[PDB]
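S.K.: One letter stands for each residue in the lines below.
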Amino acid sequence: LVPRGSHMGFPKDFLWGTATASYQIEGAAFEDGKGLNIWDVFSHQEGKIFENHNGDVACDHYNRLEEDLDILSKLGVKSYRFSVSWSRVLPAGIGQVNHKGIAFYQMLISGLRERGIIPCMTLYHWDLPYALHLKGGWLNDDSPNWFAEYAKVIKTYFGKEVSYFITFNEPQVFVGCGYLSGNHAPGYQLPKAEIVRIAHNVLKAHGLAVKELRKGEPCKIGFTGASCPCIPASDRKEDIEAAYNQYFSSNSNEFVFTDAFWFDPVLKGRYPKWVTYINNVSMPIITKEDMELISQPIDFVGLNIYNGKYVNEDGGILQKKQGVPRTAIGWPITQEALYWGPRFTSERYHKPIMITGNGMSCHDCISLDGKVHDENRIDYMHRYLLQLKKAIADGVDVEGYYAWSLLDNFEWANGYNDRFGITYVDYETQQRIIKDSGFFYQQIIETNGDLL
Amino acid sequence: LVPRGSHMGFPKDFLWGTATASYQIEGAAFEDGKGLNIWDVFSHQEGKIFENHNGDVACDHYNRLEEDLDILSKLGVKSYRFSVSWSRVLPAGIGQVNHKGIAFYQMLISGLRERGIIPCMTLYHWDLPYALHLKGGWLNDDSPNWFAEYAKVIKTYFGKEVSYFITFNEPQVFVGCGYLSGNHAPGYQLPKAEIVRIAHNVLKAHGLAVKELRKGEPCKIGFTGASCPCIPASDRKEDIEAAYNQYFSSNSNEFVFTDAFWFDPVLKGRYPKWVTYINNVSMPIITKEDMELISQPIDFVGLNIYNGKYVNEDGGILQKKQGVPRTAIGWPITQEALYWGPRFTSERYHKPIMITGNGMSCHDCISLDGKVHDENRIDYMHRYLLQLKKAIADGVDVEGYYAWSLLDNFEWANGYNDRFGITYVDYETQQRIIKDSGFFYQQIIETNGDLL
Amino acid sequence: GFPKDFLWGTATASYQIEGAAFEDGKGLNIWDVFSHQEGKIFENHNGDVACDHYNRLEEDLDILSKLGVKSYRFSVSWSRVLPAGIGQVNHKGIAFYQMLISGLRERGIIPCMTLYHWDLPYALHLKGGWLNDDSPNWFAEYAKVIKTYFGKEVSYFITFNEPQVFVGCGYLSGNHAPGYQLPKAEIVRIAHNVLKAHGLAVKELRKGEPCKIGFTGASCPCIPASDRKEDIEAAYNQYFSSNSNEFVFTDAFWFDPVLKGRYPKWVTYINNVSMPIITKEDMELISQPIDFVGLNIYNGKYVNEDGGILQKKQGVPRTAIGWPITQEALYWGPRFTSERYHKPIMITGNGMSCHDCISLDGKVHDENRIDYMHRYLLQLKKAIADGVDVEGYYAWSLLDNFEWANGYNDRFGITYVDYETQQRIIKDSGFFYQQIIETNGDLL
Amino acid sequence: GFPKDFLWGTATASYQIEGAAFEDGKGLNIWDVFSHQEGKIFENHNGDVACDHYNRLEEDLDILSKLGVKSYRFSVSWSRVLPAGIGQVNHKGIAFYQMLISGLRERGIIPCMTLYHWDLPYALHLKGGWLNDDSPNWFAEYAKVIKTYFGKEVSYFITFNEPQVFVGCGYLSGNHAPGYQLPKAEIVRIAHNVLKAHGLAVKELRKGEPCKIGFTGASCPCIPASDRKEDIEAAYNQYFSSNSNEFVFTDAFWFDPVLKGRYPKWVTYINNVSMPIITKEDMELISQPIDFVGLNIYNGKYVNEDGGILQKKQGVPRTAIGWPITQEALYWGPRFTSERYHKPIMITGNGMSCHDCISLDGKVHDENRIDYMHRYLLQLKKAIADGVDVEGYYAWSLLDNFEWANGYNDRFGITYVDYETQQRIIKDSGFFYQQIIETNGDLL
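Protein chains in written order, with my numbering: chain X, 161 to 612; chain R, 161 to 612; chain F, 906 to 1349; chain S, 906 to 1349.
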């Protein structure tokens, strides 16, 4: 990369944001003609979620939109990343539009526009309509067409006021956890060939959705990966190369959670070489035309980075340091992940990057003073943003940063046991309390990160 | 029941048969334009089958048809129960017929007719076309229509020469093991509501297939259950009633492996009462019109019985006797199952019964004399047939008995480790050796079971 | 408020902090061997070095003095003082504890000595450990060594720490050393040998200098959902309940023998093959007079008359080890234990696992631990106001340390340890606690 | 053919047939306790009654006489003769074995006495069992009782049956009593104590009357791909291989100590915490001269030209317990064992689990067991023809019995037992075997 140098810091137009997802915050799961999604059904199965928690109510954001918009305004957030519930706007996944569903997102988007906040809309954040799951979901040859139909509804209803779209959030997780490990909806443990089939249908769906989102108003379109960057052993050229090679490695026995398996198709129009040689029973047939469809021009690469892994001089994984700083969900704190992830992604693809999710699970409580003190989240955010600022100085084009999350919410198979918010939610009363990290972040945004 | 008396013995036109299934014997899994089925894909998944056995070749019956037809003729079998590979005749499950697939079954059926052997054709013996699995399989609202299309192909191509059809073999097993326990293809562990959805689609599929099979030539149509009869503690009226009540019991926590859950819809046009009250997330909508479709008139009830369970005077399950006679697959030998299962099924439904499968897994070997001696299978068959003969004397209308199986074959998740044949197969050479039980059965058929 | 002579303390255990596992003639213990078995500990962590407290005694004594702690609860490594568990005393082992106790006395800090905090000598494990009929005699021999060498300068002893955990996790669930899953009869045999060992150790500790002797339970108090008499009764009954399918982790299974000289009723009706024979003489031995009941309380569970044990609240405040924060546990545990047994209570362990780290300012900020301690101590203060005799409170722990099967992944300290350098950094909670002790909790 | 003095036998074990588990002063053993733990045995079967052979001795002796068996291999219940494992002899226990041995002598049947067939006295288990440094001395005390009471009339002794199984299944996999999953160092400690126990027992059995002493391995012979010298060498090398990750179920790990006075080289270079110290003096003790090597062989494995284990053939002939039928195992196991150790071989156990039952004719037809026995004995006869010194063959088992964790679900007998009535029905295989013995196997 060509360095920028450390004097400028974050660019003038930098998108300081916070992020949520529909199922994690909305509730109103069975209201106003909304159709079932796979998380409604999965979360109601005994033993799938921590303490059989579910998203039936979550943060009740469907009913408490105005309060949450006021928090976004109070904290001076420039951009709000949210997902649309596919099943709320298309209860059967295709066909009849639910105008009460559309009306909710119209009220949200109007509220953002009134407050001068830039919407960043994720189309797919894991809540596949249940009607489409019954038709085989992502195993079905027609699943890309279902997604294209949804993307056309999105562009039709929201294309006037929304100029930032992300097709998919973390295919690594919804495919790997949903269909390989089985710990996420719909909870399957499928053979390798079926994981590649699902991946290929998701990637074709992405291509068709990009084509739908290009019809009409100009917009910026991205694709968000879950990334666990390899942090080199030193600044030696050879140690950096070994980390880069490990970061972008994949093979038939370890691919679904990798970066290159998903981003090489999207950005380079090719799978890793090993995909061409797999003969497993029922492998999908991957065509030149498929790869042209998948690799539609997009405007930014989304990275959701929480931590990375330290690698030795040869790219082998080092064991975690004894007593390494960690988070309430168990993950280690590895500040250099928000340097190396963006740097390596920039070097491989030469595309602008948005950090579409970064944050920390903390054991947050309301203290005797009635406040929510989260100094560990402040330290995490401070350390990670210093590393991102260094990546910008070293020539990475970073266009935005979205704190995961605006609200404490439903953390998937961990239920409500993990709190990622800069806003505390008391689920008994639905009270929002802005945490110390919210006010810390407000100050970062006001100063454009100049004082980090 | 109203008795017949013991003098007739087996009826003069009794169908003395043997049974197989397509995936268990055919092989040629990837030949002659045959489409994949779910067992091709499941059996190739690491750890799903004993020693990673699969049906790729099985008994190579696709190539060795003439030899197997000659064994049927040599043993004087009156009827041959076999299944058609849906994926062999319709590689995508619907649309284009594969004429090489049809040609195989035409050669089989011509061979049977030449030898004076009555074909008994199972449409579905668990090998769902993989193309339909990718569309959600039995979760898809359209799965009954897919099956109807297949049944129409069957009637169109085979209706002139085949007059005995069975729509489904053992829905208890392919739904319970395939989608609840996950030990059979496709290997899922689904919620209760999805098991009911699948069951309802299988039952509607049955109804549409009966309508297709009625178009054109007259025929006899059946539906085959897996049954584990409750054997009463004594001949006391109250002990018999308790066994009957347990045998036909079901509830929302234990239904998929039961008799009444499947046969009450097929024969009485109603589900067990408990199904009316279930509100679980995503329950299918069960209509009056659905139940009329499911309960199309059929000609016989198929029972596959290997053993039963002894119940106390109150219908509670008794613990197995210490050192109870058992089989090579681990199941107990309970001769009275082939009395009580037919008797109770006759009392509930008043329909003719065919024993569509009865037999024993034995640790068979080629002895030093080059023969296969299976006295334990002879004793099993002799004991069970005496009990069936007593059921006929006591007024059960039994129209046939099919020995499971003609050949040692692929026993599903147990691979080739369980040998049920009256014919031994050496898988190294594909040599067939008729076992002592084959000659024992030949003599039973010649004497119409008069000397049992 | 808190009594004038209230024992404000902090607590540790030998295996969790000492290190020096294989030197100065120390014998192996079951945790040395268990922690080296693949997959038994988080990331195969072990106590070989731990906080290296064996070698950093002076630094850690200075932290105790800096924070103004009135009492220090520690355990003696049985395998350090008796390498084979019985027979030859290791005088280098004795010398370490003599240096610690001299250091405490120099600083005006009251020693509180736990004899058994789970580090069974490996030599005794090879002889069947607590299954062996002679295991109470092994423990009595150890208690006699303790009284002989430390009886002059130590006046507070606890025989056993949390038999619920070392028996239940060690021999029923198998997640703690030695990692067994034994039948019910063997769990009762082990429990009965531990309880007889306790009785024999009390008799040894009574020989010579007068002292206060206790026995420490792991307790998860039942918190009545309200102050209604009915809810209180229901909570008390649940708290002291046990049955043959769920007893080893309960209060009454262990404390009824120690304090009342009887087992719960249900023990009478177990006839399983190999059940120990429990005699009148055994129960007299177990129920030696003791001076205080030790409670280690981290949290409780909410109970009502109508609901029984209530489901945990969605998003309940919790700790880094996953446990919920239930402030009223440090009211009701002491109160109900006081009402049942009429003995003084010592809180021998209370604290919180936090995801602590060194912030960019070089400090360790643990506001969640301060809030936890503030809330729990207000509840203990209310118990004292309502007439419960509480003699002391020991913060678990002085140091971040080896948290058993969780290895170093759980930090309970009021002092942070950087394991790379062994640097100690007193956390905000340490200074918070210093201020509580200086004011005797008057400003809570 | 077979030598004129060839020991044609059948074999049983105390816990598998005796019953009378809790009477005539018999002490508990580890199988009495393990079998009563929920879920350890198929359908919670146990040996409390088994074949009731303790009470039906005369009937079973008459079956041995009817079938013309030359030798009867049985085990002594350690807990029946020494209820606490050491100390007071139980003379009612001794009296049972004296009645058995007198019965055999009256019928001209040669006793072959197994001292240890897995029923460790429970009292010794409570003292750590084979982990205890003194476990070799406990076994020596038992062996001295055996020689004292039975040395006049018994001239064939086997110290241990299948250490591979009672150590590997008992303490590594945990599927057999006492049901543990111990670290590698503890498995080696147990193995070393068993081997020292063997050495001390041989010394006790040599005091007084002359006798033949053996040690019985569980063996799964490697069958070469062909009679090519290189294929044979590859099979031999695989058969006698072992390493730290796969040793407890091997031949060389146990037999190299007993016969060569060496462990495999890898053993002495393990430095795991708590490894036993293995001395020159220990290896001299373990490697006392013995008279025969006992092999219990049910099947083997086929190896390729390079000694790699081939996958089982699809549809391989197998038994009711799931094991394959591999006739050449009873050629190559004896041949390779003979070549490595230059000792006479006794096949102390060979037989087949079959799904036997009483047919409508009231008989028990077991043609698969006849074919198994005929095939395996032809291979043993070929080993003898090729110069292997084989002194005897013992059919496992005289009776259908308690097959350990499989309970009564596996029938290995040449005699069927109806457990409802305890009726014995000699199977077709019993009459087949009678004819083999009458003709000394000349007509196989």
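Don't read these hints as lab results, they were simulated from the structure.
Think of the CB as a built atom: it goes at the ideal place given N, C-alpha and C, for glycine as much as any other residue.
A portion of the hints provided could be inaccurate.
[As the list claims (entries may be wrong)] With the Cβ distance kept under 7 Å, some of the chain F side facing chain S (calculated, not the full set):
(1) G930
(2) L933
(3) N1037
(4) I1092
S.K.: For this structure, which hints from the list above don't hold up?
M.R.: Checked against the structure, the hints that fail are numbers 1, 4, while the rest are satisfied.
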